[PDB]
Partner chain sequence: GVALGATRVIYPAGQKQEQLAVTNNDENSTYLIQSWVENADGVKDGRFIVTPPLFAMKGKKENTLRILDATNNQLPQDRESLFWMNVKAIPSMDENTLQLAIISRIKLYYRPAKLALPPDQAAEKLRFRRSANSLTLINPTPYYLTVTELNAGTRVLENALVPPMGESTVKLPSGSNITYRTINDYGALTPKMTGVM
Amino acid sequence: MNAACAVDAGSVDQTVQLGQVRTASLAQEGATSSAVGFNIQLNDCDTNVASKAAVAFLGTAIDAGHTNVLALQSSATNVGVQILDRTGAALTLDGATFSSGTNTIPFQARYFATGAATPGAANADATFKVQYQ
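This sequence as a structure, only the one chain, the form deposited with the partner chain bound:
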């Protein structure tokens, strides 16, 4: 009887707005920007289905040194995007790092510099994996 959840990041086409990339905040490797919040919604399902699910992300790392920093799509460089949990903790992009208002999954996103960031726009893609119990 129980159906899976209608998943929605943002409001349309799974699109999340990021902040602007200020190079003066990202001048060096290890430098981070301020983090913008976003939510992923698990709609139209039993609240015990949604909560008891295991979620993970999957994307191309910026370099081998930074496997939890998501690369960009060229056009700012020396910088990628990082996704954080509810309290500000980075998450992996290998797609094997689980586990578990109503049915909201709160996230944050921020820029991680891998060096002196050059100006330009930052557009990044990834995949969000929902695996049901």
Contents of the next structure:
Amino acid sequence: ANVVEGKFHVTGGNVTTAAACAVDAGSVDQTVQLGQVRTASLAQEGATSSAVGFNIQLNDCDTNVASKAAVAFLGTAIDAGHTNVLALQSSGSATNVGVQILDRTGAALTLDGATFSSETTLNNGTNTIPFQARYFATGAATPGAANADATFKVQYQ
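Complement to the form deposited with the partner chain bound: the form solved without the partner chain:
No partners, no molecules, just the chain.
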């Protein structure tokens, strides 16, 4: 079967050395398995794969410093018409498919480093901000490796 298969590698941390929370060491460098998806499921612009979850955990939060956190992601957009779809790493790579990062509301986030996820209202101590990643077809996907990379920054308000 013709499939696209790959992983989403994400690294990141706080914008500022002096932040309301610490980013958990398990969250600052993660690799998310996107799975193997048949190109017949990605044969048309706007087709998407089943999303895979990944979390960003924040520790030791002090809500006297900030009551909310949000995350912005940076990565190469697959093309000017899909600024919320990551380009793939070129390594036998798939084409006409990229990777989207969704926040807890299901919105695919723009990948320009300035577009923040929906805000998470913090409790003191540990808080998790959930995300999902998935494949997004920009056309008739072709089989091959489909890895993507992005970086994130946590901002507080």
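Numbering follows the first chain given and starts at 1. Take the two forms, find the largest set of C-alpha atoms that superpose within 1.5 Å, and that set is the rigid core.
Aligning the rigid core between the two forms and inspecting 58, 84, 61, 45, the C-alpha positions shift by 2 Å or more at one residue, which is 45. For residue 109, a C-alpha deviation below 2 angstroms is recorded between the two forms after rigid-core alignment. Core-aligned CA deviation for residue 10 between the two forms: 2 Å or greater.
Once the core is aligned between the two forms, the alpha carbon position of residue 19 differs by 1.7 Å; this is the C-alpha shift at that site. Core-superposed comparison between the two forms: residue 124 shows a Cα shift of 0.6 Å.
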